[PDB]
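Chemist: Okay, here's what each chain looks like letter by letter:
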Amino acid sequence: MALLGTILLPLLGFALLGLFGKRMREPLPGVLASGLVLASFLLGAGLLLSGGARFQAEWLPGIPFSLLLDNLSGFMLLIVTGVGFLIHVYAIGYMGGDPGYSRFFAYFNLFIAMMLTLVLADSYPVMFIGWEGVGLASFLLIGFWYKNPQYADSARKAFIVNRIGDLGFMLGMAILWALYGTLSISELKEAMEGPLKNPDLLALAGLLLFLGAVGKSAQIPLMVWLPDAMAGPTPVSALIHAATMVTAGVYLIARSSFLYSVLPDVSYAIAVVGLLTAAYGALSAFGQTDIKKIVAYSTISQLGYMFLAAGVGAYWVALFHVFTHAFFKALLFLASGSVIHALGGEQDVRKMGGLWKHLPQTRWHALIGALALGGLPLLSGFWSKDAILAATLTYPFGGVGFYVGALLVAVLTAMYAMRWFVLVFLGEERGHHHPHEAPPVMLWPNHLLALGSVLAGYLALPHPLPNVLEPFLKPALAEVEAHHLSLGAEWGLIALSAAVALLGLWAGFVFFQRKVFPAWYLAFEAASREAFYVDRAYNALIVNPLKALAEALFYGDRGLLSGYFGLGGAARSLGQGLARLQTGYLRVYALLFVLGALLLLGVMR
Amino acid sequence: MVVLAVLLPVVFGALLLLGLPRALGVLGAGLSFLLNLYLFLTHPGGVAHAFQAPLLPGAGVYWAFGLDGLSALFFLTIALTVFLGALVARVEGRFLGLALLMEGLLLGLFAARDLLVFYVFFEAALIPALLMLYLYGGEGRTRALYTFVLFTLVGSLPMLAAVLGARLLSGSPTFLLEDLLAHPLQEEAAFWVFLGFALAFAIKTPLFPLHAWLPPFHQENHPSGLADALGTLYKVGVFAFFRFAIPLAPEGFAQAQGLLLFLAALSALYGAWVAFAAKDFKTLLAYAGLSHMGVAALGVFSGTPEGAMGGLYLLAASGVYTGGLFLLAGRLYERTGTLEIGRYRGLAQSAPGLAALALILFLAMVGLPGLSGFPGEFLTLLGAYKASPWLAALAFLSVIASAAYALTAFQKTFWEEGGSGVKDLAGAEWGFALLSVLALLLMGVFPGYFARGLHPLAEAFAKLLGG
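Protein chains in written order, with the authors' numbering: chain L, 1 to 605; chain M, 1 to 467.
Please keep in mind that the hints were generated in silico from the structure rather than gathered at the bench. Think of the CB as a built atom: it goes at the ideal place given N, C-alpha and C, for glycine as much as any other residue. Some clues are possibly wrong.
Said to hold, decoys possible - Simulated coverage check for chain L against chain M, where a stretch passes if three residues somewhere in it have a Cβ under 8 Å from a Cβ of chain M:
(1) 158-169
(2) 312-325
(3) 544-550
(4) 558-566
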């Protein structure tokens, strides 16, 4: 009941700001929102420190409403509500002079409430309430300024592509009903220990759960929906790409650690898709001529990293990366957001550059961020990244092809981060800006984000240096293991990650400074700017053809109706043939008469 | 007791037709709403308030009534939807009377505790519907009318042979449902009778090839769509199946099940998919309704109490949110004068809270969890998947097409650049709105409480298909 409060406050608040909210002064919906979120984090951390929480309630028969707050749930909850709160305050700042302040912070509280509903669930349909709900609130925020056509269709595409995934989720969820009949994650896990049964069907359920996860965490093929989420206000992009949403992609796997830990094929494939998503996201990252998009591809890439982690059976590692990334990505996005509140939303790259001296304190932020994403040797993103790189080699499912690949991906993730920072802050000048730049309530929490960025860091350090996180994560859920580990060579590996990342950052610094950008690479910049031409291909045999089939089936239906009219006319016609049977000549009626009578007497025998 | 709740909208409608004025029938629908709700709360069980009276003693037809766990909310649901139709309304023809009549008729329909009386109501509901169609508007009024009416009638008249056959071939003394169930029909007797129930029931569901009447009906009624809203409460086919068709002659359904599940699936997919291409609210809501019904029927046909409960539930609630969307559409008509989707884009800035209301309704429609649609859609998914998984799957490329049509419509109607600007909200429309939202939210958040009456019926009539 206290557990439900965490969910209730930024709903009650959402409801105030959506319903009233325009009845509030310009700071206030932000103040309420950030206030209810403030003690959600707080008042749920009280629960976590007190050892745990449980909730069970009335719902669809056989499917009660069950919230379990344990370590695995608490970790997520602290990330979401904390970073989310920071983003609430930041949103108090960046949202100003904009009508529908009410709308914004209503949507914000709402979002928080929904995520809390998702991560605290002991039953998959409650989890599903979480899923569709968070998808909805994303839709709502992304279109916040509605007067623009471009930022409308974005959210539509979001919730559609995403609902493909939700459909997978539903299907998998139906699969484990017919099978077990519980649909409560705790008892569903306790029912999955032992011999199991009908393994093909279980693998299918997990695979559809994943088909959902792909949508929610923006992996391939449903990758395409995330880049266009730039449309919404920047702190919305901050909330989606870092502290909420995609992370649930990973979390669904992490609570389902029990389910996937017994599925070698599926997990192999998860790691494959993770690697491909990382690589794709990274190659197409730097060509981007827009500041937002170029960061979004790093979101995609890094989430690919996490799915690689959770792929090979390193779940706590995937969550480590989730954590570090939750810090440095939020840092990046809030940085870039601060940047275009300065240029009045100029939001371009080629139209930018040479902001180093002129911008105080922002340079520090964006630098810390791009370096953590680059995986600077002492910084969070580093520790997470080779936690993963090592987990590749060490964990089951083999990591040999994967390691090298992920390492090259580390090179590129370094490179594009550096292109970003270079093209944004260096290389002469273009455009206009005058006095204030950063207000107090933006950079103040953004600083804290830089802090967390650097020091997310050492919470898990390779083993002689204490691994604080792994024991926290493993027992409560994330149960099952089977891993070797090794040393002397391993620090060789860490050294390799450090060295390679360091080399990659500087190579990025010079190249993307360059100006020659020679020959083939410019084509590469085109392709990367155009995202390797995926959407054009999705409207090839997928979208436009489905859209057309709607019409085809429509006209078919129209024709159906017309054919029914055909029968009506057939009966009419037959009728007047029968009405033509009567000419009006009496001899005619007499002959038809005797005819009929003989027909009857014939019938009688 | 039951018969009062059954009769209340009927009388009020008369008092609206000849009687004056328009306003009273609104609180009439409200009263029906309150009483039906009252019977909904305090229910003892299957019997509730039982009623038996002689009708044709010699024929064996008696007035037979009561509220099941099923009949139940359906009084509340119908009372509600029609009430909104009364209040927010604006058809105001003095045929809001024709509406209250139609509401009451449907109430009588669900309460029927014997076959022939059920039959009687089933056929009777047609008339106001055709009237509020015919004389209350539309240019193509007469042809659409012949379409809707003749589809229903050609479906209907043969069923009387089955309702006779159900009594006569089973040697049931009366038309009482209890009695009829007490004497089961045998192989290739139950076959023909089930089939005869199945045509009349399929055409009113609707399923895929037989739905061609639904778009013309909803287009030509009075544009507020009171007539339309009540027309959707008239979509009762699934209820008739589960209550009557399957339990009286299940042996045939055992054979027909594959086909029925298929048709339900294809209705759902085709419905949601075709809905996309729709350029107007009447047509769109029509095809959407077709999809939902697809889902419900899918749920029922699977056996599997899960799916069935989902189906009936989805039915009940979709009456409400669909009827709501109809009334709402009409209300934006009266202020604008057009039901076209593409023209007149800006609304959202112009209309202060309508975006929220219409959105809520549409979210309920696509079957989002927390709103009325998802419990039914999901339980349905479960059961459908139990019987035939494939058909559950085909049926469930629905949600994709559903979100497609619904979001496309919502965006292009509300979100974009300003027009002139629109009237904000009517005082009727406010009651409409809030009450709607309340209904949707309550049926969505507590799918447990509603549908508890559905649960015994669900599993028992599923096992009816068992040994």
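Chemist: Taking 8 Å as the C-beta cutoff, is the stated coverage of the stretch 158-169 of chain L by chain M satisfied by three or more residues?
Modeler: Holds, because 6 residues of the stretch 158-169 of chain L bring their Cβ atoms closer than 8 Å to Cβ atoms of chain M.
Chemist: Are three or more residues of the stretch 312-325 of chain L within 8 Å, CB to CB, of chain M?
Modeler: violated (count 0)
Chemist: Residue count check for the stretch 558-566 of chain L against chain M: does it reach three with CB-CB under 8 Å?
Modeler: Per the Cβ count (3), the hint holds.
Chemist: Checking C-beta pairs, does the stretch 544-550 of chain L have three or more residues closer than 8 Å to chain M?
Modeler: Three-residue rule met by the stretch 544-550 of chain L, so holds; n is 4.
Of the numbered hints listed earlier, the single one contradicted by the structure is hint 2.
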